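Student: Chain residues, written in single-letter form:
There are 2 protein chains.
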Amino acid sequence: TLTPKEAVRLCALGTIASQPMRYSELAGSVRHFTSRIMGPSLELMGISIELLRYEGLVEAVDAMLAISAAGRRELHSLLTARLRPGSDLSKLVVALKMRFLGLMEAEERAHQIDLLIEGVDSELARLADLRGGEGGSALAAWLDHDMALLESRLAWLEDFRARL
Amino acid sequence: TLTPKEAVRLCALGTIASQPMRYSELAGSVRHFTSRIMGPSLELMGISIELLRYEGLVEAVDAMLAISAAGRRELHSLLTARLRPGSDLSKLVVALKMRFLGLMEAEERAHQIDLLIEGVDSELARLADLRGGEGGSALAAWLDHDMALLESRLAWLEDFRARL
Numbered sequence: 319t320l321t322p323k324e325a326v327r328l329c330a331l332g333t334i335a336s337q338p339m340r341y342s343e344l345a346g347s348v349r350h351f352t353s354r355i356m357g358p359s360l361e362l363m364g365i366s367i368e369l370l371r372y373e374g375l376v377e378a379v380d381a382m383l384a385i386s387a388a389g390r391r392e393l394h395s396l397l398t399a400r401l402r403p404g405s406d407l408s409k410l411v412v413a414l415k416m417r418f419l420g421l422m423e424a425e426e427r428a429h430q431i432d433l434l435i436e437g438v439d440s441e442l443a444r445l446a447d448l449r450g451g452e453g454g455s456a457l458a459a460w461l462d463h464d465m466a467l468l469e470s471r472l473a474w475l476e477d478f479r480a481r482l
Numbered sequence: 319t320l321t322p323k324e325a326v327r328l329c330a331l332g333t334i335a336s337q338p339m340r341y342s343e344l345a346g347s348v349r350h351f352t353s354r355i356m357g358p359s360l361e362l363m364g365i366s367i368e369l370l371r372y373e374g375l376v377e378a379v380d381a382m383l384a385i386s387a388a389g390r391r392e393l394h395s396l397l398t399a400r401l402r403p404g405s406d407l408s409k410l411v412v413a414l415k416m417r418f419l420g421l422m423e424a425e426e427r428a429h430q431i432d433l434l435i436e437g438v439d440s441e442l443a444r445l446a447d448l449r450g451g452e453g454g455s456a457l458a459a460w461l462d463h464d465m466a467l468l469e470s471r472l473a474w475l476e477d478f479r480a481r482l
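Top to bottom, those sequences are chains A and B. Mapped onto my numbering, the consecutive letters of the first sequence carry residue numbers 319 to 482. Mapped onto my numbering, the consecutive letters of the second sequence carry residue numbers 319 to 482.
Same shape as in the complex, but just chain A:
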């Protein structure tokens, strides 16, 4: 499974592999893509595009940049790597909140469910932003699917909240 720095690198190397770009454009794109999927991700702000040029993964010509042979190998290595159910700890935390819901006071239980609804709403809005009409891509297909499951989760949470 990839480290957060490797996930950001995968995003940068894949983005630059399609078409050459200016440093500012690449940084802006990676920041937008990663933050729409993961939320603000403030811990990743230091993971900048400057290091890629340092290791010869990206080459020049606010400079216009492009991928290199070393960058393409790193790209394939990163891209063809396994996921894990480890590296999505929120599933455990939510499962623990559900399991120990009775240990909280009534008011606090309702509040915790309100917070989960707020989070799903927020996540749907970010994915809708990223999705933008005009399908065909694996990404557009995946985003439509992920949003459909999120809409079901939102309805389930609202049902739950209404039963409390």
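Just so you know, not all the hints are guaranteed correct.
Which copy? The list can't say, so a pair holds if one copy fits it or any two copies do.
Said to hold, decoys possible - Distance condition first, Cα-Cα at most 25 Å in a straight line; then the derived SDA-like pairs of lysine to any residue:
#, residue 1, residue 2
1, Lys-323, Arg-444
2, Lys-323, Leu-344
3, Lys-323, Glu-452
4, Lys-323, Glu-426
Please keep in mind that the hints were generated in silico from the structure rather than gathered at the bench.
Since the structure of chain A is provided, determine the placement of chain B on it from the hints.
Tutor: Chain B alone, transformed into the frame defined by chain A:
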């Protein structure tokens, strides 16, 4: 958002808060619960139940143990903490695989989708293990819901694989 050590602590403190238990029983329960939700989680093996007794969060009477006043405060603090879309990096990694699917060779694309199916299958089996008949709890309700969304994801991935 909680650290992995804090999530394991939440599991331990909530489990012991219901009924007193022997060290071995508590360790076994936490290991089973956390690993069914998160997969093997081999990096968390060092996060043992021994430290809880060290900080006075749990007290004695392979010793029989029980929660203390300090443990109950820590339990509430951990239990009433926000989640984040940060701390579930697999969403980004899968989104990146979908976005850059065209950059892989045809055989590798099919293989990557086979791996995602294998992961969802595995996750469903672990959650089915944890769920065990006899509803009513927030956890049973949440697990039935999460499994329903996972079954939809499995069907979507199989559809995707059949179109390649």
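Student: If a hint holds in the structure, say so; if it does not, say that too.
Tutor: Hints, one by one, checked against the model:
| no. | hint | result |
| --- | --- | --- |
| 1 | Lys-323 with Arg-444 | within (21 Å within a copy, 29 Å between copies) |
| 2 | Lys-323 with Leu-344 | within (16 Å within a copy, 35 Å between copies) |
| 3 | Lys-323 with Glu-452 | neither (31 Å within a copy, 44 Å between copies) |
| 4 | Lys-323 with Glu-426 | between (36 Å within a copy, 24 Å between copies) |
Hint compliance for this structure: hint 3 is the single one not met.
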